[PDB]
Amino acid sequence: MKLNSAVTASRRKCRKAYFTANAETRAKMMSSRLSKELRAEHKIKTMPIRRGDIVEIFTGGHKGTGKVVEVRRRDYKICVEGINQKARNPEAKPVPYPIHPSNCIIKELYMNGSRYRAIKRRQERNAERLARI
Amino acid sequence: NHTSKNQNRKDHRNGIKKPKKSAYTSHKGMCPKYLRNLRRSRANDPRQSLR
Amino acid sequence: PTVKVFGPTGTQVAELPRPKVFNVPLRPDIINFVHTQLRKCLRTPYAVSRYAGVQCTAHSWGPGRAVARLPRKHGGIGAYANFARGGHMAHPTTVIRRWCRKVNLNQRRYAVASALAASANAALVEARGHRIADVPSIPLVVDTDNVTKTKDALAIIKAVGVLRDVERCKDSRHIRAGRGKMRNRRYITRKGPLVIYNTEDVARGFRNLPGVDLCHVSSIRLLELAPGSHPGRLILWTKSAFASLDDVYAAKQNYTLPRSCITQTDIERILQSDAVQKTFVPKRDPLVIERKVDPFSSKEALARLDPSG
Amino acid sequence: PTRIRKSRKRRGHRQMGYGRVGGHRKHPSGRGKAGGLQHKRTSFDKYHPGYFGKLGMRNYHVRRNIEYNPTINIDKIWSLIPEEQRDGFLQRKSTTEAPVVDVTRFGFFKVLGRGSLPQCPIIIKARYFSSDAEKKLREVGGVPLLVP
Amino acid sequence: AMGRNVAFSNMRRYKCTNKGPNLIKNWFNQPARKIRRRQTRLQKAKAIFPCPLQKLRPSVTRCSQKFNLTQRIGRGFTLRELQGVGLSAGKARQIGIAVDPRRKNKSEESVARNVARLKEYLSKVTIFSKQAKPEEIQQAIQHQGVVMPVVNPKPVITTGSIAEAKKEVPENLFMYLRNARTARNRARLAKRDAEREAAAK
RNA sequence: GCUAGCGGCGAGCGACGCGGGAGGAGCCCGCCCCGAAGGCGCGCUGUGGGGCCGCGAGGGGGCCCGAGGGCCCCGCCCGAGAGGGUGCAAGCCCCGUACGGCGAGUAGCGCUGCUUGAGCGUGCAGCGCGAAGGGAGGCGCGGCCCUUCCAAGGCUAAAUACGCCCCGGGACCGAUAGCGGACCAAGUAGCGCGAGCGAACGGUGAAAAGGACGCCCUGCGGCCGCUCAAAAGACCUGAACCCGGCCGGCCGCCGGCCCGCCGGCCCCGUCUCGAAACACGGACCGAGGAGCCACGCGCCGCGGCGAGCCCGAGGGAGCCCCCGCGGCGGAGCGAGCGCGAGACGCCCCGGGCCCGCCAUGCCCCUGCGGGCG
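Residue numbers (the entry's author numbering), protein chains in the order written: chain LZ, 1 to 133; chain Lc, 6 to 56; chain LC, 3 to 311; chain Lb, 2 to 149; chain LM, 28 to 228.
Mixed in with the good hints, there may be bad ones.
Claimed, not checked - With a straight-line Cα cutoff of 25 Å, these simulated DSS-like cross-link-like pairs (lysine-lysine) come out:
#, chain 1, residue 1, chain 2, residue 2
1, Lb, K136, LM, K193
2, LC, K104, LM, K52
3, LZ, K77, LZ, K28
4, Lb, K27, LM, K42
Derived by calculation from the structure, the hints in this document are not laboratory data.
Input sequences plus hints: build the corresponding full structure.
Encoded structure:
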């Protein structure tokens, strides 16, 4: 259970905090599972979703793999290239079907440099925890 | 305004209550001289309750 | 009478005498009363705002305007009444209410003792709803050394017959049926064993096990001993807890345990005793009623009353 | 327990247990104990004797501690003595070793006599002793000593 | 109930119920108050870790003929009592003894009670000085609660000789007691009669 | 303590002292001694001294569903099965949680007024008059004591109270409720010259995918259909009242029957002696709407314990556990000084006696005292 009083366990307080959260917190909330292959390489269970990430949806209808073309933190959803609603008119511009990032597994990551620096900081912090704190 | 109709039916609902056994035989209003002498007669031989 | 102690392995490690609390007469009424009173004392006060419906300015318009005489605002809107929309409730709730009920110490102790005693009755536990078929003995006394891992505790519980009760709790979690879901009370699970621990640091190991609760012999809780004002909870005593029960229950100033009583079976055996049956005298044979039929009409019927006729 | 209440059962009856010819109205007998010398004299005379008037001398301040005088009967003096000591004392008797009980130390200042002491002699110490108490303890062969 | 036999209520009518100062004092903060006082107490204890939180206070007869038999704890030791041990007031305060110049013993037995209490405390107290002595300070153990808590001893029966005891008590003690009690009234009335006798001839 | 008192002694009003606790801490000036030693443009008309920052476990297959978080089999992590989110009800999908790190115009007194439970004054005040060793001790006055203290100068922590605001919890309310106000714009829109008053208004869907096309129409708009699981299409469900089509009857209720005939039926509520009343209220329907709580009292039932009984406030790395005073009862009665119950008795009830109070008569010590009738 929770032994800390500072964190709220109220449904009302929790939903308001998620529904209206700062963008820094929206990022962590919008994390996604690193693949078995990536996890072995980087030693991090889940990394926050980015706009160059290629991800494989594993539950929702539309279970394919694509790059993340757009991230809309306000809608708490990400848009994956190639997963769209059926464009009624054939000669029409596609509308992306937003997928939640929980429903996805990160096949590839946009390596960047800050991503690499962030991956390392966790690797040493997790090592302190693995050293039984 | 004054009227006593239904008084007798109300009185006889469960009435005609007799006075009580203690009332018939009581030491109230009796001659004080009779009462004093009665206590002395009682206070001797079997009737005496004195220790 | 000594209660068998089974170790984490599950095999009769030692024997311990029965604490005399388990000889206390089983009173369900004393338990229910103190349970009801102590649940009320935990209740947090609720009330409406004193300034609700009084914040507006409304005056009865008055007779003659063809409108009912209830306070109405500038517009002519009904206000300030239990029947008016936006009005104060006729008797507003206040926190001045008595949310707590006092209990005499003796009566509280009598209840706590009769609840621990109820745990010993084999059927009381099954009646309450615990699954106790695989449990070897009641009370369950298990010598478990300090346990800090759920898997170690789970093995103890599996090897002593309580896994089915823990599984009844695990597979009983559902969303609630009311506004309580919204009011931070969304999930309800079935209540399971109570592990009484003395100096055996098994609290960390057993805490996340589903439905199971822990309580130091220093402070047994009657709302725990009888969940739902229904006594009969499987209690997995640590061996220190049983060996300390005669101490805990004597350290109560000069509190003397309520004297043992009788049971319906022990009133039935007493009733069937030869002396009681010998006193019984059979009664007179009863009356024959027989609904009236016309006697005059039939020859056989008339002969019972008028044979010569 | 609101559920198990007379008012809830009487819902559906209109007047709610208060009558039709006379209805519940606000204070129709006046508020408080009022009119006890006028309209309610019947009740006040019948059940309240001595309610109206002044009957005694007045002490502007009452000093409870000095007006406090706790009393013990001659029957409970032996009860104060602990049982283990008391049971032997009664068989042993003895003028030299007669029990001394300072009822003041137990918490009582004056000894009254309501019952009978046991025959074994006892010395009682108290601030005051009723005459019947002095006589009874003197009959049991005891001494009514005073205490400071 | 409605009239009939009811003792009259002596509870005063509520005042300032709608407007005015709050005359209702709720106690839902009571459990929280308990945790607060312990937390303030724990913080204070650490600030003077070797020293007991409570200062030594004196045994004092409880006032009135009602409680004159028992003893309780008073504000401070009298200057005479401290002088009997040999401690000046300021030196005593450093040791931990509270000092009250106002109190007067009122007896010679009261002084003896407290001088003995002061003597015992002096033995129990250990003065940790020597600049810093951390090892001794670590195992110092802070005394918890009231220091030397007063003990009120229960009455114990004693053995006495009826013959010697009957020597002090006059025979007919009640007459002796009732005469002493009424002597003032009897004496005044007989003086009142002497004036009447003087005022007849 | 809850009653000493106060009050057309009426209605009502009403402290403190003990006792148990939390908390505790003592001092300083004037006066007087020095006399500038001082804070030195002053001052000898006296200065100075005596909280943040983190990591963070472990789930697959089958079937189906618009989509599992569903089911059916098997597993794994719990110092984490508190919660929230995610296309349905998720310990293992995401976040988190458990586990971490860094003393004089005075006192007094006279007269008045206000006030207090304070009563021939509880404190204050005006004016008049005014001390010296004084104050008090709860019935005034004048003596005599006895206990206790030193007013007319000043400081002082702690324990206590409490809103905005922030944080957390709730046997709280669920949009006519809950704050007036859940709505990106509420003290807002509006109103009153102004002081002031003061609303209404929550919900599409998982994703706007918020409507492909064609047909026509002078055109509007309609029509198909489309998207979607569904139109859910300006929105969740969509009741009652009320109304339009189409179909079916001739009809208020109650009973018998095949069913439109016979029989019976005044309009409720409400005051009232009496209502169908030419008494009153009621167009209709929906939602809301009225003996609740606190405290005191009387009595009853129960439960614990019993000449006892008692979660008082509080205090115990203590949580519903433990320890924990008054009080109330056990003795009454009398204005009070005071004095002070045993003799019976299943129970009840009378009688008899005992205790106090009001007398009376006797006897005698430690005497208006005691005892006895």
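LC:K104 and LM:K52 were given as a pair; does the straight-line alpha-carbon distance stay at or below 25 Å?
With a Cα-Cα distance of about 19 Å, the restraint between LC:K104 and LM:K52 holds, given a limit of 25 Å.
### Task
Assess, step by step, whether the Cα of Lb:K136 is no farther than 25 Å from the Cα of LM:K193, and give holds or violated.
14 Å, holds
- Given the hinted pair LZ:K77 and LZ:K28, is their alpha-carbon gap at most 25 Å? Given pair LZ:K77, LZ:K28 holds - Cα atoms ~13 Å apart, limit 25 Å.
Are the Cα positions of Lb:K27 and LM:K42 separated by 25 Å at most?
Satisfied, since the Cα-Cα distance of roughly 20 Å is no more than 25 Å.
In summary, the structure agrees with every hint in the numbered list given earlier.
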